[PDB]
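Only one chain is shown below, in structure tokens, and it's the form deposited without the named molecule.
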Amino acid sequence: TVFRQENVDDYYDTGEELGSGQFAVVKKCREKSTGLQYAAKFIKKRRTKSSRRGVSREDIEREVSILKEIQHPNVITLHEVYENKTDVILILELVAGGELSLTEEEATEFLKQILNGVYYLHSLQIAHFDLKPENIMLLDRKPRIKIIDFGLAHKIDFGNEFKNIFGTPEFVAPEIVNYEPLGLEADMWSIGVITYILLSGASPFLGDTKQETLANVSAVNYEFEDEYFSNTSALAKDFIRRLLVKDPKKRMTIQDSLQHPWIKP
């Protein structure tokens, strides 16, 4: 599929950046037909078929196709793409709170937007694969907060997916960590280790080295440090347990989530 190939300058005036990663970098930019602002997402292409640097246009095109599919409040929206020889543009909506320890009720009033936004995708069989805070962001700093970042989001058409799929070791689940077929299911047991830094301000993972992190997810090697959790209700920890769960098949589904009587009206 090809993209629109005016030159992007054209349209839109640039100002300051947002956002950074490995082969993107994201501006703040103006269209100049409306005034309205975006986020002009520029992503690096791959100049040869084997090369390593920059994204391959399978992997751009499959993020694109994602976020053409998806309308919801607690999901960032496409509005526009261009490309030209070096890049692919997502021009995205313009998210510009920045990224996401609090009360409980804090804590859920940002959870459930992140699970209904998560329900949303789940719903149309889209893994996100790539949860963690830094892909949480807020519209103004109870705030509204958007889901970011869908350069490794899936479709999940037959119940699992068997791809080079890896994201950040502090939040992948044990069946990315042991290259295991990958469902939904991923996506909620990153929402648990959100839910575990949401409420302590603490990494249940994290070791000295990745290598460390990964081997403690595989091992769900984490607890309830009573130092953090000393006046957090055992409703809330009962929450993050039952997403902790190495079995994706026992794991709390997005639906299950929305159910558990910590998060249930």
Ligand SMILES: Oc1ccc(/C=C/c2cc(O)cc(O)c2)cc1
Contents of the next structure:
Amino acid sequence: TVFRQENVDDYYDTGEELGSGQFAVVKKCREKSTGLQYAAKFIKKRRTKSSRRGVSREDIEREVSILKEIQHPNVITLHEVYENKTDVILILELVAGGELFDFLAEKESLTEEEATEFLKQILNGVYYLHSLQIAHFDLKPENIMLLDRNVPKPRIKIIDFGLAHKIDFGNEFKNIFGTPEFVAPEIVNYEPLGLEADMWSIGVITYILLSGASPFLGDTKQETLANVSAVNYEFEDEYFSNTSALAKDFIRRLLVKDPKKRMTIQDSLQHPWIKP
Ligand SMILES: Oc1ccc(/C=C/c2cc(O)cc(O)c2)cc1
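Now that the form deposited without the named molecule has been shown, please provide the structure of the form deposited with the named molecule bound.
Let us now look at the entire complex, which starts with that chain.
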């Protein structure tokens, strides 16, 4: 599928940089015809078939195809796509309140009410995605953006569909692999993957929200991955002594090695810690 090949600068002006990663940079921008503001994600294309730099056309097209399906208050949306010889440029919805990661670095730990206010929105977004058989595969606090961080109960949107896949057979076997602290054991073990992997990541996020600590983090990536595969985590009393047993139960039923025994998104919404 081809994208708009007019110069994006003919239609948008860019401003502050929002972040950058291995293959992409995101810049705030403003559409000239409407004055409306967006986030332009410039993804570097692969320059040869066998290269390891840049992102393959197949991978870019997958991210775009999934994003085109999405319209939900808790998930980022896609406005337009441009391309030139060097980049594909996604014109994404602008969510300007910063990463949940940075919000957490300030509070250092959330109350259960604050955590569940965020988690209910994350669960609602993931429920929408999983209902469409979309596995995100990269859920973590850096990929949850706040609309406005200066309100008591910030609203959020899930971002970053660079690893997302449609799961139309119940599992995909593609060597998908995200951030070690957040990947499920089936990712670590290179096993068939499905929607269940996201539910594990939600368990990790919840543990972090409540404690400020990462459940599986070792001193090296290989230690973290070994800890994940072995389900090597525990609720440290220093962090969790005043946390409810029901909150621990919610986490415990997500950090389950066997994907078939792990809570699904629907289970998580009915769990007594979440359900009103
Ligand atoms: O509306 C938005 C759409 C996308 C983004 C992306 C921000 C971002 C943050 C990082 O730490 C690294 C990165 O590569 C990108 C921010 C807002």
